[PDB]
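First comes one chain, alone, set out as structure tokens in the form deposited without this ligand.
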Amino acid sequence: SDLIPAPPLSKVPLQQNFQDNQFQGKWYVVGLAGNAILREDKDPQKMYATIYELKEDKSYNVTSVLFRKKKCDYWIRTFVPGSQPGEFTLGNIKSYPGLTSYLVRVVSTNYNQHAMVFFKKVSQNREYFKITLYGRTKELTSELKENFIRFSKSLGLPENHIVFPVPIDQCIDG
């Protein structure tokens, strides 16, 4: 493995006055960028969806659903409130083999249409980061997609590390 290095956290803005209640519900992954994300023209990445449910204790149950091998695949994360509102750590990190580190920062959102979220983790001592462009719908404007490309490039990622998953109906319409 050779990886583009994680950016310093100083280059990753935090959404001011983060509203945890308004960030809840279903988000479509309209854009994906990161040091382990590679464009694949033979088999282009399919859109998946992530559901944020705020618990009584103010941590998030995070359920993601993707269409793989004719079936809906579910995976669950717990996001624990971090240092400042809009940051999170991963609950029960010991239950993920090789994972020593996991950070979430909500970069920007208007809550009812779009969000950009930064993830950083250390797995088998390798440092991974990604940015997801979230949509409340499966389509976003040229403007929001160019904003996400610009932001991804500001963190050192070239074009072939930025993908726009293809909209689908299976699994993610529930």
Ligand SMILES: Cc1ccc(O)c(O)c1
Contents of the next structure:
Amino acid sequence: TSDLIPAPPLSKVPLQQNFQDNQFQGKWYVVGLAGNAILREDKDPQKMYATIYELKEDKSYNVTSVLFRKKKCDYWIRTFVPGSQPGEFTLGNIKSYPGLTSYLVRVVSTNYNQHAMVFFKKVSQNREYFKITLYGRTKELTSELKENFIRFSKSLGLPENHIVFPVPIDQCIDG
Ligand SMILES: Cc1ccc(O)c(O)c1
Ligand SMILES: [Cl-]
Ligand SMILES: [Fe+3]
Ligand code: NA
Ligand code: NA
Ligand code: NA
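Can you return the structure of this protein in the form solved in complex with this ligand rather than the form deposited without this ligand?
The complete assembly is shown below, putting the previous chain first.
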């Protein structure tokens, strides 16, 4: 059994105009998380993690994320394949992920050197999940940008308790 807030139609998710793939490369800190599977948790609050975007020769991204868990750095890797338009992607080697039938990424907005908002949508075990990530080039962002991310998340149907701002750490993510 599972009850999820429905995924928004793609019409409600903007696309970053004139997307420059080479400028989006590098490390981003996850300063905000929102989604239908994301829950606020004051007992064990979400720790900040990082995601590195590297363009390959064929213009796909090698996306490597690192998080601090159980006193160790856990790495996980995926391939974002360019989609129907620039700033859009699908997942490479989807068959290597048990239960996964669909995976979409859309870059909503970015200035490339400070911040970015990225929309994800996937179907896993026939359940449709979506999330929005607030990327920061630094671990801290302005209140204006964080409130913008909150209202965009709310526009896609998510309540406050489905929006989290991970706490900055130094382990694993400063590399
Ligand atoms: C929780 C969640 C929602 C959507 C995604 O695309 C994903 O990777 C994770
Ligand atoms: Cl993964
Ligand atoms: Fe994922
Ligand atoms: Na832990
Ligand atoms: Na401020
Ligand atoms: Na750093």
